[PDB]
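The chain that follows stands alone, in the form solved without the ligand, written as structure tokens.
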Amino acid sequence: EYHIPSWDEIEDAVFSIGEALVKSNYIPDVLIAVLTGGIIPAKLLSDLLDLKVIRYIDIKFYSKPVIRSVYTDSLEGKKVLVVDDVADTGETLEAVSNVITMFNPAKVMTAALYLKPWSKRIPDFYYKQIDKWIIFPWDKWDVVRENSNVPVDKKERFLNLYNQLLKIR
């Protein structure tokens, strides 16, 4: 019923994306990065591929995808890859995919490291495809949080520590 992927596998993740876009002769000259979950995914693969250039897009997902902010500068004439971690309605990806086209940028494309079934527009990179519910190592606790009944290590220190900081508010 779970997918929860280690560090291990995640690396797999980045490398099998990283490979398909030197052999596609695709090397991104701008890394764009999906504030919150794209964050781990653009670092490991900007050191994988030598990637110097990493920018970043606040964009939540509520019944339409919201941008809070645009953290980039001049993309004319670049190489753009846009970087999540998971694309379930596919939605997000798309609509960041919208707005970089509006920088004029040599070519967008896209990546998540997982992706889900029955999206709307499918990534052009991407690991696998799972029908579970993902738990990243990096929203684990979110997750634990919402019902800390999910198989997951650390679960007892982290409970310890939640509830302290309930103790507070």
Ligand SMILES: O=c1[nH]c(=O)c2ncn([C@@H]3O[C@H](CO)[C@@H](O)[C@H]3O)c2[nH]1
Second form
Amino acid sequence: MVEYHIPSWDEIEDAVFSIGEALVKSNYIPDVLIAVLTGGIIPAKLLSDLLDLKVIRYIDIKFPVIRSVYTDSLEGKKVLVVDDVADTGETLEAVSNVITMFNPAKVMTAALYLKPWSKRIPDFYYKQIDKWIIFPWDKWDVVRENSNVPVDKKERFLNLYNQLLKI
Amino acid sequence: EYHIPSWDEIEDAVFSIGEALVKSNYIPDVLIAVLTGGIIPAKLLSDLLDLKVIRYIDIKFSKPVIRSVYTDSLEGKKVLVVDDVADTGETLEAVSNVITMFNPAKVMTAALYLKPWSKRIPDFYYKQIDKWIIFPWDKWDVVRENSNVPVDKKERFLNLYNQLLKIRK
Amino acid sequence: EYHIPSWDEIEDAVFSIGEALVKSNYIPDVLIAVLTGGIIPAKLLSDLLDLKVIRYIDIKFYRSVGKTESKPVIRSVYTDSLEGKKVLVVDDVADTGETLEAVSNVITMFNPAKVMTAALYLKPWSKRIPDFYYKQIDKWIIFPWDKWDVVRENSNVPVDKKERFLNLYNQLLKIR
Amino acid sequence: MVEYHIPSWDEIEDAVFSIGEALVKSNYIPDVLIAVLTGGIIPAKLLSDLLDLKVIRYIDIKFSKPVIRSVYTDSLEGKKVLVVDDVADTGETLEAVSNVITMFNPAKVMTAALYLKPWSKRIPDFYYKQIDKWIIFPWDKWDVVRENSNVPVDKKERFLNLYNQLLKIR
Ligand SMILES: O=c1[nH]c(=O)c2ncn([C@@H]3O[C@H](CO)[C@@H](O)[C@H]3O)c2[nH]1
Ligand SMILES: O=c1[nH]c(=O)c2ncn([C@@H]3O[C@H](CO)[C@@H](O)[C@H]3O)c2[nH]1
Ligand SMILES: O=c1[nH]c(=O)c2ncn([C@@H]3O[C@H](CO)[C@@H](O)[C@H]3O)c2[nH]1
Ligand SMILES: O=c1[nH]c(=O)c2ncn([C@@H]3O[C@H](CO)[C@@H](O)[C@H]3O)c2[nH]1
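Return one more block: the form deposited with the ligand bound, after the form solved without the ligand shown previously.
Time for the whole complex; same chain goes first.
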């Protein structure tokens, strides 16, 4: 495609496999995943299942503004911050900066996709991409802004959307 | 060498800050208590000005370390950070920095006591002091961290501490 | 995936900048070369326009996996007074545009008469368009003066004289 | 009241002692001093001797807004930096210096001036005293006398004789 990258769940799985394999190759097995809410939710859960990482914590950030930090002490822990895309890099910057104030043993970052203009390059990523990424978990947000985007099941979504608006 | 405020002096420190907040027309929407030294000051200030929303940040101080941040969204709120003493000023700096990341409408700071060398001056404080302060709520910590500390009820404390050490895991 | 300019093209890029400078009636009193990618462009531009005053700024923008910060870092500024001078900042590529932005910001504190910027190549996503540039390019550029860094850091890099480079790199390892 | 504050060298030493004591108590021992040239020259050297700080670097800046002429330093990355000047009047100079030094990505930049005026836009992190009138320092007293020869400083007669010889040979 030319404007959009619309990864299948199959590709999302392979992105996570790719980051997992790179973590193992680097010998960086995090003690704690910090999922960036809410784009990093699904990548962090899949990565957790893949590598059997039992400790996931969360930071609610909107873009960046912190709304909440859901974690206990990280002192002396190896942390991996997980997001779905690093576009401007501002989110990873803000999250790295605040997590560093918890004095972890180490902070590394991971994002499934990287834009070529990001001010922060994740330690781990699957693909650098210069198109707008429509993820399986924000496809309806994208459709609500632009109905033309070429995603599956749009008809069923649009029927539901119309019923919602009637409320 | 020590300044050892009575609880009566602590009450007057809180009144002074509450009076300053009202004079300045800065009535915060949210108090952020610096744990654990800011606990008592924040509760007393909250009681005094009927400030119903208190949130908390667990920070310990060669650098301040954040252990947890106990708060919901602060966006668009007027926040007042509350601690008991600003000494190096590193704690207020660290807390102000992280709270600013929550995009509050405003952040101001308060400490009961200020040391004259602090790297961060609070917006509100009661007294500038150059002695080490023994607070009523950390007097036993000061006893445990020093050789010979002149506080009331020390002999009752030491008898209890002796028994605590005898049975500790 | 790479744009790999010949030295012939680099010369033409510098000509193109010099031609644009003259067309804009902006003949710099001082070139500020961004070290170290702007070194060779600034020297060639100086020879072309007979600009005798080149000064330097050591600035890096770490954007690698493992070596990453959000902003460029100045290490040193090699210049004396620029007050009242027309300055041109010269670099080889503007990618994010942060480097040109940072250098412009610091040079402005020297109260020049004017600061303008030039880069041989511009990426489509730069935050600001340099005042002068040769071409907008979206491929990763391999310059003649950082081709061996690219070879050391990336796989399957197709550059001329790679044979001679790897032979030397082999010898370097034996004494490193 | 008095027109000028005219500190003795004894007072300048005490100002430097005061700042040095505050640096130690506040847990900020600098890795590098950045002396603002040329008023911060003598304060920085005295502070360096007091605290045994071996790394002094320099910035040539003059003050509509401050103008940097040169920055005499190598990499400051990861270092604790203290900027040192003699007086903060508008605060524009410390603002400009802090701004450029921050671009060197130090671990931290803090500022110090011996004296602070109340209308400064920037309050230095460390200072000795607040003053709300003109200060004549031991190191710029002759510049002041050249503007107004009535200012009450010592050794003025010797200076004026020298100054008269200088005015000739031009
Ligand atoms: O679905 C997205 N695809 C992208 O390529 C992309 N690039 C940037 N963003 C933004 O990331 C922020 C995360 O907090 C959101 O505001 C998105 O607009 C993106 N969202
Ligand atoms: O009891 C204290 N007295 C002080 O003067 C003082 N200055 C700094 N501190 C630190 O502040 C914490 C409580 O807010 C203490 O545990 C000290 O680390 C002080 N604690
Ligand atoms: O060889 C490069 N090609 C590029 O397309 C490119 N885009 C950005 N950079 C950065 O600019 C410096 C040289 O001025 C390099 O060291 C990269 O950090 C590039 N380097
Ligand atoms: O001797 C000075 N006394 C002042 O009160 C004062 N206020 C501002 N300045 C400026 O600071 C420079 C020395 O650091 C002087 O040359 C004045 O420009 C002052 N210089």
